[PDB]
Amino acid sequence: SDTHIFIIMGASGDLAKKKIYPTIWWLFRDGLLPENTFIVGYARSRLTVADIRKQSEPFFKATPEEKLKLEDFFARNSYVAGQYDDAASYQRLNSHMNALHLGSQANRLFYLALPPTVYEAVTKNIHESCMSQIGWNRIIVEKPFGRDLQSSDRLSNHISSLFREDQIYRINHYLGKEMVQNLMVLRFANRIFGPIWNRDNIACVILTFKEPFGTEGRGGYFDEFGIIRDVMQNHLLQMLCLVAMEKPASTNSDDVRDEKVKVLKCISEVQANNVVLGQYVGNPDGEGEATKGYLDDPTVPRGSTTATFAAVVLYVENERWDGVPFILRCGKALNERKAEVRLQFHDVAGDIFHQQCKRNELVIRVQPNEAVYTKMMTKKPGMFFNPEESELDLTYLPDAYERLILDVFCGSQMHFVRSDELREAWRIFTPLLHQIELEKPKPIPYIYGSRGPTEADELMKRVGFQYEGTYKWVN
């Protein structure tokens, strides 16, 4: 078995200490990492391994039973202090990596837990000095991947000029979730969902990502990006790609991402008449943080028109999806947390039940709870021939971040955004973002803890989604 080096650049970061070190700790605890794996930190701060332990222990969730295993894990941890644009520091880091046991032929896995501003310099210096000559070299890149098409293209071209596509792992936490990964099996392993997954049967597709909390203090970081860049551009667009994607030639990462980019290439730029933007305000009847609006945050610049809610309608102009509205819906400070995929089917042609039938709906809920159910019509128990709404419910381990790190280790790139997919997403959403920043349109206020602006429901009804509300469900 080959040896591996997990280089954590910016190991002093909050993201590092709270998510990366605990994740590799759990992976080593479960015996999932390669046996010969060395964790090497790298940041400008003068820190030590004890200095690390002190900062990472309360997030480690370490019970006293496995203190020996924790000591064994932290034995292989090491830290190098250096600057992100200092060739001498990068040479020192490379020398230290070669100083570890069998470090010259080790597989190098650099995790860039850094702000995007230093990504170019870090990648350039890594490619210059710290690349292994025998093993592979894979780089984990964190969002944001630029703020528009031009900046994203600049960063992507800089990274791609040095590293191959198989060496770049743009990490998205949402792509590793079980229901998100179950979408391909649900679609392509079942005959029941095959013939109906087209424009001849589906009336509209609704993709939802709701959060019940606001900016909760760190509103200044969210102000410069907005909800479209936060959620719509990546989460909902990956959901759309999985829902609308053709069947791949195989389960290979290249084939899956080829289908995803092919679907993305058939989407036109978003227009402002298909977009509803909202910004949450305080709830006087609420408790705690519900009473504070988006602008009530001191870190948020005054007079900000950043949208905390967005509802856009996309169209995939291909054979399978021509004319089917794809409604992307997300927001913050909403009434509940939910990540959902909903397919509303057309009315049954030649209805013989006197307009009593409702549209079939297939729902794939990703969170809070995993649930795949289809709403369908069934005969009402009684005397007359009246259908009523019913439902078929689907009846029925490392977490998503751990599986993503294991995917980087094992070379599976199907859960990571490719360069062409990123370019297509940015080209889809860039004219709208440019118009928004140029004109500063006022978002529609909505009360903290509500469902959002009513204009979103109006847009859904206009594009084709008919909400009934008469469907009653009991657990």
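Residue numbers count along the first chain shown, from 1. Throughout, rigid core stands for the largest set of C-alpha atoms superposing within 1.5 Å between the two forms. What changes on going to the form deposited in another entry:
- Rigid-core fit between these two forms: of 230, 148, 389, 289, the one residue whose Cα shifts 2 angstroms or more is 389.
- In this overlay on the rigid core, residue 380 has a C-alpha that sits 2 Å or more away from its partner position between these two forms.
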Second form
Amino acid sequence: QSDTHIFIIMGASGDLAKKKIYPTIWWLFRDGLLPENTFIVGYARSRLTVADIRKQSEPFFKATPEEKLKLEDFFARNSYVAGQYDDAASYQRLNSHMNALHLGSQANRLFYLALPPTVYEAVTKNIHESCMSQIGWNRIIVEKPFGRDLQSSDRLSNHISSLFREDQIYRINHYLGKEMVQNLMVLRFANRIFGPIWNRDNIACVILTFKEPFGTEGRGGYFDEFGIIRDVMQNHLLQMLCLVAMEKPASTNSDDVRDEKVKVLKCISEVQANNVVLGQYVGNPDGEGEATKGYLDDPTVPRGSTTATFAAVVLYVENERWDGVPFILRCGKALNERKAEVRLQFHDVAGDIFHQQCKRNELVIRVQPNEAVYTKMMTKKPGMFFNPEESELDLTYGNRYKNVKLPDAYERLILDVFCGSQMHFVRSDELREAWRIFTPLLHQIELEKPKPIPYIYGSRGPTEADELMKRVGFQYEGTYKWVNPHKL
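Starting from the form deposited in one PDB entry shown above, please give the structure in the form deposited in another entry.
Shown next is a single chain and nothing more.
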């Protein structure tokens, strides 16, 4: 028997919904990964219909004429109910609609909250009081941002947890659904070539990089109140840090993984102001179009803002595995490229017998783009030479695994929610540790409003970030030359 499933989309008319969630569920249904008895219900304030949502979401489905019948079958199982985020009557209407659905009484209900943070409390309380299935499971999905600091996030987390259990709350960090971020676990705990060296005795520093080649691009008002830290460093880079630095779990069960992650998080001291390099991007007079403007050139950005669009932060995990190893979280918008990457710079080889011509090994795990794992290693120079040179042992997805289509992170995450897997989701205690690590720094920056180091649009950011990386132990040489091969 196949259990009936319901996919309730809160704020179905929203930007995030029509841009990512509806295409995600359509792709999941298209490949037959959803349960056979799966229905999708849209819920928002706007008085739209199934046809209106269909027309709004078609340009993002990327459908083909060979999938027309699947398209109508998918949309024949779609529904929309208009209502309010605080009026209960709309929620009893939604419950009645779900019960009128085929075998909806025992159907598994799944709620996605694609709504602004201001309405999460009301939506969760109303769902818990009115829209809970009595037979099948009920799992709710909440979306970034998770509060603004330790106390603001803690209050919302406690209100949500007071209503739902930890096995019902699914906090989205869509980078946890990335292919390479999930491959991190297999890399670490399935291979003997990465086990004995994953410690402070061999790793000199850890660099977690997040780059965007574009700035806030017009809508700077939303980014002004958060900044680069709360936007990227607190969640994406920090969860990447947790996965890189975690101990081996007792099993691949979700609870063991999240226990290891929170154990690593609990061993990080609060961020010191002397380990932070903040930058705010200024326009490039040689820039092309959008590159000509800076952050202050956005009309929606209030005048005289000190919000940082670049950050370089050094963290330390005071445990027996990571004692003294700097964890450099370097993120920034309007940089020279787009890149999410894990870089492990290893220590110098002891007893160097190659006359200082060797350089530190670097295991690099590039999450995006061009998913690839390569380790920067010293090989003998090809040809009639004896000196070592920097090379790599490279595994590049998209060349080794061309026929395999790496799915979107949202697809995999929603499939995990359907399957009940909670390994790649944020637990409450992880959120508390993440916010308490960065809260003193955020409060100090807010109260002191320090001036960031301006960096030209499209550049690599402030040079003081490079100075900080050099000071804390990271070695940059610039002599590594890499060429994309051909005619294999």
